[PDB]
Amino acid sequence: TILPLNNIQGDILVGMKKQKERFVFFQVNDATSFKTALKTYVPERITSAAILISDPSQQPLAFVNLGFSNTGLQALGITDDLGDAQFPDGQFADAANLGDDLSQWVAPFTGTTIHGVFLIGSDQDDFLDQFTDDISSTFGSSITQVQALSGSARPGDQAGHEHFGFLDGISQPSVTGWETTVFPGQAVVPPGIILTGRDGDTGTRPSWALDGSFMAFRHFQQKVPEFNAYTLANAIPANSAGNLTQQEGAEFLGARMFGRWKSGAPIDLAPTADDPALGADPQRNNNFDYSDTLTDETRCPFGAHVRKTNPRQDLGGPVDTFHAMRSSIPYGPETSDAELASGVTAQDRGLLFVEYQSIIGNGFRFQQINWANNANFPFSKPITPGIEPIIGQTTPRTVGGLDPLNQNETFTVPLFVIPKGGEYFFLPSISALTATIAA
């Protein structure tokens, strides 16, 4: 297979990787006028994977991709079943299954009023705003914007880090079917793990759904002073290398919860102290598989974030099925000294989370329910793994093994990541947008 890179929406396969991103959630008011606008809009603005891998001199000043919810497709008379079990009912109907406190969800996510999302990525706000205004102008009264969520990479040396302080976007699957760089320890999977209708996809897809993907969007609010206070209050006293100062023990506890230090250094490789050079080196920072720690937790807890969401050798060998692409962006202001000192969140900040897969139930949803929320996953371990401390939702939120020298000790972790809403979208191929959606 040769993937048609010019026909695949770029955020799916390559990722926008822009400093700013805006998600414009909309409802369709006038299907005919929307379709008319779509036919002029798509060829001019919708950014392919081929454009994203091009030299920056050949790229537009902002990228745009577009996805539709089930109700958006129905509003447009696009009635063929896409073959996914969760997509038709929408994410609000699935939120309880995910473990969400529904009382924290907010409009307009609390139902299926949202018909779709334009995602706009750019390296500065001006261009982001111009391309957002271009959507408003092009589509006019054919849509109503029901929400816009805007994110930004964190400043300075925190660029690429999420709000708890951890480098994000290190580990992604690589799909066959195109020419790209594969790093040591990176999973290589058939393209149909990500792209509907391609090899590896077992879902029943209409022919027009070829080279689309499903997005799981989640709006997470993060409680950063609370996270930091918890790590200080539960600082690990010592590890194999020796005693830790409280500050060292708090940093170590955060790394034990994630499975990586803030620098990106994976604890499986750097189990006692950060190695910032390792974290920054993509030739090394993914080259582990837990094979050195399958039946003990000294090198890595069984329930650490990255281990729960990608179990690697905990599954017994490579497995294609449950990999997914992520293109998330932080949002909100930096956490002040006063906020950190008080231990109490005073400002809205978090993660606009985006995960792509051909089968929602095998990617995002499997990682969430079967793995993160599952106290007995990974399976067949000598100590109960417990609930993933970052995004596991089961209560009590008890996780074992965080202290490598007292692995039977359990930690009951307050929830620091609050789901505020989300939706399941389908992003068609670029040709499908005009030949099918806008027909």
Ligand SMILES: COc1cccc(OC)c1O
Contents of the next structure:
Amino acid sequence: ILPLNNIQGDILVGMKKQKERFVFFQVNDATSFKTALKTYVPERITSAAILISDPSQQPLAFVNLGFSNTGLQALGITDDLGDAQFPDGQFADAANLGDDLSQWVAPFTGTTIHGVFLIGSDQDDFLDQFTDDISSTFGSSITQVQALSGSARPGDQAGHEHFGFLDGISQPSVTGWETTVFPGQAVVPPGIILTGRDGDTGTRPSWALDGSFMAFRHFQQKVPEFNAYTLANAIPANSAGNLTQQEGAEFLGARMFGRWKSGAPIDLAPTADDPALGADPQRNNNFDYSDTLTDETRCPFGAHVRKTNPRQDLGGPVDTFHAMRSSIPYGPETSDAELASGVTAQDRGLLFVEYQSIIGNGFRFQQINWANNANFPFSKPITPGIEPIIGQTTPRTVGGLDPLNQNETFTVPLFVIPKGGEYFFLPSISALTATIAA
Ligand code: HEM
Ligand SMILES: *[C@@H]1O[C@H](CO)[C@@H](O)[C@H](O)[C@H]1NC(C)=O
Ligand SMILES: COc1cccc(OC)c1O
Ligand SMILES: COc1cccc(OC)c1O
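Return one more block: the form solved in complex with 2,6-dimethoxyphenol, after the form deposited without 2,6-dimethoxyphenol shown previously.
And the full complex, kicking off with our chain again.
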């Protein structure tokens, strides 16, 4: 049984708050930081247990805390955590991910960042109150080098990311606790997500039990450009009949993602949106590509969700490459004038968060081995190509987007720009005080 009171809640349950702030910091004084941390943790650090408690018993803000390798070093915590990528940091790994390094910005361009406080709350003012509480408690023991703040989109776009698609539908379920499991949801041993638990194969210090590694990515999105691209390349028809340009553009977007904007998976709804299905957690994940392993009519081989979770393209259930996501959009809505121009005029995007016990098996495997690999999934009659949303290999050519002309290739401009990121370790709540602050 997992000790839910000891696991940082964003890892297992997800904050699911309307607003979130990532406060990136450096440690200035290890001794002063450690005593501040011992004060802070029992008061503010939110467990999985709290996140599944009655909302009345919940605090106004949830706080979680992760450390980079240099943060652990600054604190004299020098035990090897057993991950191949964590020690060097993400900037050193960015070229491997396919990133254009010229688009990276401070303070991510190095290993200056020692950690991140994640604050989830209902309003920006509450984020400010909890940020000020960090300032008051830690004082000059830290320097806040950057804060990145996000917000759920308004109205019926709540839960949707900036291109318009419902995000946060498909997550693995870990064994070791009692929770609801939906049809089609992968059930994995807890060590796929939690370091030191069954299923983890990395060599972990005992104090690393029930922690997890976060891959953080700051993505800027080019929404008018995406919209204009789908209009310019609108699919003329599908199996059900001819499409108006607007229908064909919406369909092309769905083909790129593998889901309609509503969340309806195209493997179940291959020709038209089914918003009732999109909003149905009991059915919106109940598919595995077994009905489309050797053709692309129902779903392209290279659609976002199929690349990042290949399901039956792997030949059966595989524990190893599942990961939890707790991303949040940021920035203003895209104006009518922006969409008309087809050109981005404001900074908006995704503060992307993915948790796994082995960075190389979760985020990094999904990115490099799968999304960036034109020849993945394997053994297909048409080359899948590069995942159109986040695949980084050039040329960004993907096949099969038009179900009636599957050999047609699309060369897709990059609409998602990495601006920085880092690899963090989130310890257990007890480890925060018993180890990190010792
Ligand atoms: C701005 C960039 C991105 C956007 C807009 C985006 C959007 C989405 C959307 C709309 C979904 C479908 C709903 C869901 O299952 O949650 C999804 C699923 C998913 N995405 Fe992304 N994503 C982005 C980047 C990434 C990256 C960089 C990765 C990992 C390398 C990733 C991994 C996944 C995974 C694992 C799923 C669930 C797949 C499944 O289990 O079927 N995404 N994403
Ligand atoms: C469908 O679209 C084609 C052009 O792509 C057109 O020739 C045809 O008349 C349309 N309608 C039907 C019912 O086939
Ligand atoms: C329906 O869900 C699945 C089926 C088969 C394999 C999966 O992950 C590799 C998976 O997530
Ligand atoms: C019928 O399915 C196929 C036919 C020809 C080649 C294939 O992959 C190499 C394939 O999967």
